[PDB]
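Peer 1: Residue strings, one per chain:
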Amino acid sequence: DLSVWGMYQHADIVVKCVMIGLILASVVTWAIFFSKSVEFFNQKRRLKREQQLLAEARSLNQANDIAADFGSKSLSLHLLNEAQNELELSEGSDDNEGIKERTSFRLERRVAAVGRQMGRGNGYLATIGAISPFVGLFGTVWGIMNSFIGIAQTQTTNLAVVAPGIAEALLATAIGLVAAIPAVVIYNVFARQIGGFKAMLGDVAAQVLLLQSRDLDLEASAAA
Amino acid sequence: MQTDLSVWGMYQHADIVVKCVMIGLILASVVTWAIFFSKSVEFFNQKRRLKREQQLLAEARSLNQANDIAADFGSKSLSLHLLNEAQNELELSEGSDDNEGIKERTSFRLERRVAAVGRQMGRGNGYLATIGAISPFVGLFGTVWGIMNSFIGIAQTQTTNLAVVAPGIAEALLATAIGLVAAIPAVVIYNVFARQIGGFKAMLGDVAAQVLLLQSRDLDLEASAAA
Amino acid sequence: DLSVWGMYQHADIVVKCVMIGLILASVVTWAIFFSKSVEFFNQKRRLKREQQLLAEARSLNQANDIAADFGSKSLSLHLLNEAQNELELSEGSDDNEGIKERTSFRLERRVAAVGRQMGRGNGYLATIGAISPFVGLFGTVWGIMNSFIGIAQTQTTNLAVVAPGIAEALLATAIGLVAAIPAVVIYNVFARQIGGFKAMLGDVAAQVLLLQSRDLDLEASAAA
Amino acid sequence: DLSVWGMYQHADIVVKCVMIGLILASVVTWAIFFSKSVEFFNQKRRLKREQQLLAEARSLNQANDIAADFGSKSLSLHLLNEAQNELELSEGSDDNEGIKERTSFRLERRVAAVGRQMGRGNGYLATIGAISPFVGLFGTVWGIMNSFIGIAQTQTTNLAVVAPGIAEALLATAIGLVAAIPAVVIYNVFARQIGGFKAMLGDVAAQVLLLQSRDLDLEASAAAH
Amino acid sequence: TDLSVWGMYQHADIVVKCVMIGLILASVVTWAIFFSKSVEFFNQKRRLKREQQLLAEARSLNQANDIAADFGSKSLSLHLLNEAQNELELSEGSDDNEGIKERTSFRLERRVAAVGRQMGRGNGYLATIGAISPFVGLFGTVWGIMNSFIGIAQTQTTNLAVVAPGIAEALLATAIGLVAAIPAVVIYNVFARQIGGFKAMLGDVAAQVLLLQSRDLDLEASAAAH
Amino acid sequence: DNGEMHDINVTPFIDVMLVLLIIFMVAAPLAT
Amino acid sequence: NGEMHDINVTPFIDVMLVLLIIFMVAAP
Amino acid sequence: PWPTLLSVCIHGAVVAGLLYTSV
Ligand SMILES: CCCCCCCCCCCCCCCCCC(=O)O[C@@H](COC(=O)CCCCCCCCCCCCCCC)COP(=O)(O)OCCN
Ligand SMILES: CCCCCCCCCCCCCCCCCC(=O)O[C@@H](COC(=O)CCCCCCCCCCCCCCC)COP(=O)(O)OCCN
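Which chain is which? The protein sequence lines are A, B, C, D, E, Y, Z and F, in order.
Under the authors' numbering, the residue at position 39 of the first sequence is numbered 47, and the numbers go up by one with no gaps.
Under the authors' numbering, the residue at position 104 of the second sequence is numbered 109, and the numbers go up by one with no gaps.
Under the authors' numbering, the residue at position 130 of the third sequence is numbered 138, and the numbers go up by one with no gaps.
Under the authors' numbering, the residue at position 155 of the fourth sequence is numbered 163, and the numbers go up by one with no gaps.
Under the authors' numbering, the residue at position 103 of the fifth sequence is numbered 110, and the numbers go up by one with no gaps.
Under the authors' numbering, the residue at position 14 of the sixth sequence is numbered 24, and the numbers go up by one with no gaps.
Under the authors' numbering, the residue at position 25 of the seventh sequence is numbered 36, and the numbers go up by one with no gaps.
Under the authors' numbering, the residue at position 15 of the eighth sequence is numbered 24, and the numbers go up by one with no gaps.
Errors might be hidden in some of the hints.
Said to hold, decoys possible - Taking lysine to any residue pairs in the SDA-like style, the calculated list, with each CA pair at most 25 Å apart, reads:
| id | chain 1 | residue 1 | chain 2 | residue 2 |
| --- | --- | --- | --- | --- |
| 1 | E | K108 | B | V193 |
| 2 | B | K108 | C | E109 |
| 3 | C | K108 | B | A120 |
| 4 | C | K108 | B | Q92 |
| 5 | E | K81 | A | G204 |
| 6 | E | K108 | D | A63 |
| 7 | D | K52 | D | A63 |
| 8 | E | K56 | D | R117 |
| 9 | D | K56 | C | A214 |
| 10 | D | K52 | C | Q125 |
| 11 | A | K108 | B | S67 |
| 12 | C | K52 | C | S82 |
| 13 | A | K108 | C | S112 |
| 14 | A | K108 | B | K108 |
| 15 | E | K56 | D | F113 |
| 16 | C | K108 | B | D103 |
| 17 | A | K52 | A | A121 |
| 18 | E | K206 | D | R114 |
| 19 | B | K108 | C | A230 |
| 20 | A | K108 | B | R114 |
| 21 | A | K56 | E | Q125 |
| 22 | A | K24 | B | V193 |
| 23 | E | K108 | D | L217 |
The hints are simulated quantities; they were obtained by calculation from the structure and are not laboratory data.
The shape of chain A in the complex, shown without the other chains:
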């Protein structure tokens, strides 16, 4: 009768709902891990390839001629297009400091938007890492209340009658930590991956601002 499976089968409906709720939270944290680890791998591998190619550029025109290789989903091509588009919208301006402030402001907004989009799942993972111990240990407290009420409903004088009820309860904390531990590991892995990726993307965006700013000053100096 009594086993790690068998003690689920006859547990109270409240602790069955707690255990099933934590098993669903476990399945979701693993689904997020397999989904996002592939996304970070492809997004970081592409961004590394693109940055290592753009590193030889000396002008924004040369950077556009390099970046035309990249597919329409490319973050580097999307940052070059945001900078080039500010020239195309601004062609009547003889003020260059305006083009610099508008481009700088628009690229930092795009880098923040991509960084915020990469972080999609992390709010769930931090929630499951925070609550799962408490949700599981609430399952135990209700199981212990039922065990203790069971003594008052059927008066008894030996612990071997209630010991199954203690095991049936304590399993809800075991499943609580088994849900919590992956969620905290996976969350820390992605918090560190995102920090490195936002910085790598910011270093690409910084190269675009440097290329544009240097080209505007050299073009203005050619009026001498």
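Once you've looked at the hints, dock chains B, C, D, E, Y, Z and F with the ligands against the given chain A.
Peer 2: Same frame as chain A, now just chains B, C, D, E, Y, Z and F with the ligands:
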């Protein structure tokens, strides 16, 4: 005590210090759910509106186009409110020639409005953060009182039968249970609204940035056309 | 013969000093609450009312004429004087953007200084909140330890001999948490109300900067 | 049984070593408090005097004439010399905004460096205050574990037979609390006082930047006629 | 039956065994990281302190290059001076000194942040081991508790002395949890502070490069105007 | 910072130890 | 800013281990 | 002042309740 017991009978025999603890936590959870239903409806309405306003402004290529497109928006629209904040900085600068002055003042005004709207949108969040942080320890205090009352029972009766320790462990369980039932929703709802505030302040910042880009570009083009 | 008072009467001299110390920490945290709560309410109510009046102004002259009656300890009058004083220290300057920089910097110092000065007394709330659990717990550990040190001499085999001393000990955790919870709630409440007050005072200081900035640029155009 | 020496001598090495470690953490937190509080109090007391004298000054030359009587370790005299030295190094410049931004940047760095130097002991205090409870918990978990081994080996027990074992565990907890409580109090007292000091030093640095910036503008105006 | 810490580990359930081994390996990693990072931080702190002290006499960016030319290739201050001199050689045609100053300031701030990121390598293990190793132990306790109550039920026993070995397993799984957790949390807080102090010292060196460049550009411009 | 979880939670250890205490408070009166 | 202000009840874990012993050993 | 007197009075009032209820 230990005959035909129920969870409500367990509350009926509790000490008056542990009744006040768990009644206080029940009320704190009722206010938690009242904030969740109130704020989640407001975030849905505000975010659903602001997303529409941003999509309707995406084709704008001058501050005059943004102003006319936005004239159709309701008087409560944050996007129209930011455009009026920028338009008013022109109509209070009319005699000046210092376009850099106009740009820095408008940047400062819109930054202050975006901060103020975010600060107002967060109205209830400090209550939620308080319950999520403190209710575990309010529950713990009730457990300590129940455990203490179990030793008062042993001392007053001069014996260790389950019947004399039972009233204390009974109310210690309830104080733990209600402590968790207050804590868990408050932590979940606080993380949801912290995520919803981050997403909303960012989207409002993108609208305010579009207004600044439109104004800055339009002034520089007007100045070049004068030259 | 036990009760919450009788336990304090029949306690060790170290547990009495812990309990009296925690009750004095409770008296202090509630005295700070009633003192600061009235001060913050009055200053919030005044500053909001002054901001509603100054929202009508369209020049720094009109603003400091509107403020001229405000009490000698008014924060918006203090900010308007601090802007007017940078002008009267600068009367020889043809450089306007230097005045805009110097006033912007000086008002930032003062808005921060008011928020810092308003935060006086919070170090007690933070300290009482952090240590009261540990001071109550020390009372419990000591009370339990003194009881078992006794049984280790008497050799008595019955739990009812120590049980009074154990209850007298757990009571010092209960008093420890009663001193702790208000202090940690109230610390967070005032940390948040200082944040909101500093933000509102920043919105008032911004109006002074905008009025001064507008007037300097309009005056420069009128001279030209 | 009878005394704290009785618990200390008849304690498992693991628990004894935990108690020595917590006693040394208690010694170091008091050593930090007495060492740092006297020199910090003298910096705080001096800096407040320097600011009260400099608040009279209305040109950077007048501020040097006020400050020249200050001791060679005065932070205010350092900030005045640090600003004056930017004029010394820039004498061939006709650009003032360069002198302002270089001075602003150099004083910001100087103020931050003093901020790091003043806070230098805090890592011990914050660590000992947060961690000593868990080191105490390891000591009690270990002493309590040994008492369950005692029950499991003897298999005939009463609450007096285990009383030495739990008295040793409680003593390791008590020493943990006696390390933790002073460390949190001392850490919060310094966290407040350092914040007030960095703010006061920042307002002296702000006065030097304001005086220099205003003086350059009035000189640049006078040079036009 | 042996109740030494070894005999206790030898009697424990497979779930508790692999928890204890996992925590022990996490402590081996926590110290292997500590000795690896500390020897590197000590060498990089000692090196950068000497370089800053030796750059302090530089009157001009040319003197700073001539001083730094003797520094070995991995030198962070030589690397910062190369970033500053490279922004000049990339923009010789430019006449906007303010741009060069802005572009150089942006490059050096980015470089200092990148050295901070590179120096923070491996700290994610210390944070994770510090956060999870308590819980991982807790789980080892609760599994030991469950096995002991299942043992009470299966055997129908009523003397509580039979569970004393079982709860000693649970207490040991707690203890090894703290032994993994506490060093990892202390060492993470230590390296977080050492990196902040190092970023500040490297920032003070990067600031001297900007001050030298900015002053040389301004002095060159006034001499050319005269 | 980057938002890593990097510190002991304190409260999950209290609450599980609280139930470990309570299960032995109900069990020990039912032992020999 | 930088003050320690959070509740830390961790020594009550140690107290609960001691009550866990005294209830274990005081069985009837 | 008024804030310390109010605080010590309301805590005086609750401990007077412990004196009463313990008789
Ligand atoms: C031993 C534990 C139990 C007893 C001791 C602790 C009791 C709780 C202490 C609560 C002190 C509260 C002081 C009043 C502050 C009010 C300030 C304010 O205006 O609102 C705050 C918000 O409110 C709070 O922070 C209230 C927190 C209440 C905590 C209550 C916990 C349960 C206590 C149960 C025991 C008492 C039972 C009494 C009998 C039913 C701050 O503003 P906000 O932006 O953060 O939120 C605005 C939207 N509401
Ligand atoms: C089961 C648990 C067993 C105990 C485990 C204890 C912790 C083990 C890890 C110890 C690591 C020690 C690292 C020392 C680094 C020293 C760095 C330095 O040179 O000194 C700094 C000053 O020292 C530190 O910051 C040290 C921080 C405290 C570490 C020691 C206390 C740990 C807790 C109590 C241990 C005793 C009890 C355990 C007994 C077994 C100087 O300033 P900074 O900028 O480099 O650092 C920030 C402060 N300005």
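Peer 1: Check the hint pairing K56(E) with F113(D) against an upper bound of 25 Å on the C-alpha distance.
Peer 2: holds (21 Å)
Peer 1: Does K108(C) pair with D103(B) here, judged by a C-alpha cut-off of 25 Å?
Peer 2: holds (13 Å)
Peer 1: Against the 25 Å threshold, does the CA-CA distance of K108(C) and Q92(B) hold or violate the hint?
Peer 2: This hinted pair holds, its Cα atoms lying about 22 Å apart.
Peer 1: With the threshold set at 25 Å, check whether the alpha-carbon distance from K56(D) to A214(C) stays at or below it.
Peer 2: With a Cα-Cα distance of about 30 Å, the restraint between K56(D) and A214(C) is violated, given a limit of 25 Å.
Peer 1: Check the hint pairing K206(E) with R114(D) against an upper bound of 25 Å on the C-alpha distance.
Peer 2: holds (17 Å)
Peer 1: Is it true that the CA of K52(C) sits at most 25 Å from the CA of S82(C)?
Peer 2: The given pair, whose Cα atoms are some 11 Å apart, holds under the 25 Å limit.
Peer 1: Given the hint that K52(A) pairs with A121(A), does the C-alpha gap stay at or below 25 Å?
Peer 2: holds (16 Å)
Peer 1: Given the proposed pairing of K81(E) with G204(A), does the C-alpha separation stay at or below 25 Å?
Peer 2: holds (22 Å)
Peer 1: Taking 25 Å as the top limit, are the C-alpha atoms of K108(E) and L217(D) close enough?
Peer 2: Judged against 25 Å, a Cα distance of about 21 Å means the pair holds.
Peer 1: Starting from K52(D), check that the Cα of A63(D) is at most 25 Å away, please.
Peer 2: Holds - the C-alpha atoms of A63(D) and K52(D) are around 17 Å apart, at most 25 Å.
Peer 1: Hey, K108(A) versus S112(C), does the alpha-carbon distance stay inside 25 Å?
Peer 2: Holds, at roughly 24 Å.
Peer 1: Assess, step by step, whether the Cα of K108(B) is no farther than 25 Å from the Cα of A230(C), and give holds or violated.
Peer 2: holds (20 Å)
In terms of the numbered hints stated before, the structure departs from hints 1, 6 and 9, listed from lowest to highest.
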